[PDB]
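The structure under discussion is supplied below as structure tokens; questions concerning it will follow.
Note that this complex is displayed minus one protein chain, with the remaining chains in position.
Going by the order they are written in, the chains are A and B; count residues from 1 in each one.
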Amino acid sequence: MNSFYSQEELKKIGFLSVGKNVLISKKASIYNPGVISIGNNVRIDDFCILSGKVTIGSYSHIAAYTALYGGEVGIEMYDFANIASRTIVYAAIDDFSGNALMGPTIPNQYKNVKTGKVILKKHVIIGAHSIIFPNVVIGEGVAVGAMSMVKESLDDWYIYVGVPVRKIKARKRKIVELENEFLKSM
Amino acid sequence: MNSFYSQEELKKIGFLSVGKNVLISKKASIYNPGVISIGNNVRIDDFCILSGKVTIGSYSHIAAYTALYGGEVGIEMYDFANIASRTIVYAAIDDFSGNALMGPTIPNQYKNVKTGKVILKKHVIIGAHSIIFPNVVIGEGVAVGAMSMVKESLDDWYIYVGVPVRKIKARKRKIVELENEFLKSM
Partner (left out) sequence: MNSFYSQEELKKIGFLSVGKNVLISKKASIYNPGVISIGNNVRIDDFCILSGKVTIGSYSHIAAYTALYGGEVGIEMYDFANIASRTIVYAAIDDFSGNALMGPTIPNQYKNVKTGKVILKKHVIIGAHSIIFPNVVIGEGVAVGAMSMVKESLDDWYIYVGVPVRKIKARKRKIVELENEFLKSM
């Protein structure tokens, strides 16, 4: 069938805000829903995790198995941004260098958590099995390929691939005009 | 212990067809069972997702977290094909180029979904964390490595790796002799 909440059960979750035509899987996890807000026409699929401060506009699909670790600073997606399956977005990560201790079992004073808001601008697409690390803006109209890793802010309207990513090609801007056409008839 | 459904629970599912000794996780998601056939001696683990048209033969393991998105055209596996953990197989995929809007929140006329049957032939093995794209015939006896990305059909009896995959060596065919012998015991 499908595993989505009814519009009725959504209201019971306690989101900061949730628009219309919001389909969220019952097999997703939602932690601290009072700091999570969703526009209209959002779909979030089985085995996703939203945890902490996350904000999603409208016309966004968060595909299956995707984790959004919004922490305190948060993750924000703008309209028409989509995220394919099995992606992680971190707004916070532990320091790997060996200069600090690590992870939730250890108190803050021994760790060196790197944290910064993450933003996906309008029309961003994030390819399957990718990772986005903290304190990064993914530019307007940016496509990130499958299995790619992003550690820095990405320039608008390009397609990036690889670990860590590299620019390979301009993204076509035809979507801008299609979005105007779509909005019209809606 | 294990999380597999009963023969009794399995029949309650409504599969287009289910064979014998089928072990399906209660923690998998099965969408539109009505279009899904499974032969004999098949195991499907936790957190898999089968959605839309998916045909599976016999002697096949779909390991944990693997998503098979058959859509309309479908995904087929021949006998002795196996898929290791956290793989995605897409029978349909959105246009990443920027020539078109994307994903299930948006109507089809604004999109440009690529679709085509995906076929895994006999003795195919797909390594963990791999991705197969639409309209791809994975040749008989092909092995694709961990973390593989497959956008195009793959010639029989080869080992491939990488993103996207390249052909690194031949697969031996000794496995065909062992199939014939296994069958002759059985």
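In this section, a residue touches a chain if its C-beta (ideal position, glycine included) is under 8 Å from a C-beta of that chain, and two chains touch if they have at least 3 such contacts.
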| query | Among B:29, B:85, B:105 or B:135, which residue is in touch with the absent chain? | reply | B:85
| query | Looking at B:111, B:114, B:151 or B:173, which makes contact with the chain not pictured? | reply | B:173
| query | Among B:31, B:65 or B:133, which residue is in contact with the omitted chain in the full complex? | reply | B:65
| field | Residues in chain A touching the chain absent from view | value | 29, 31-32, 47, 49, 65, 67, 86, 88, 94, 96-107, 110, 129, 131, 147, 149, 163
| Those residues of chain B which, in the complete complex, touch the missing chain | 1-3, 27, 41-43, 46-47, 59-61, 64-65, 80, 82, 85-86, 123, 125, 127-129, 141, 143, 145-147, 157, 159, 170-175, 178-179, 181-182
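Simple rule for what comes next: only the chains that are shown with their structure count from here on.
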| request: Could you grab the centroid distance between chain A and chain B? Build each centroid from C-alpha atoms only and quote it in angstrom. | output: 27
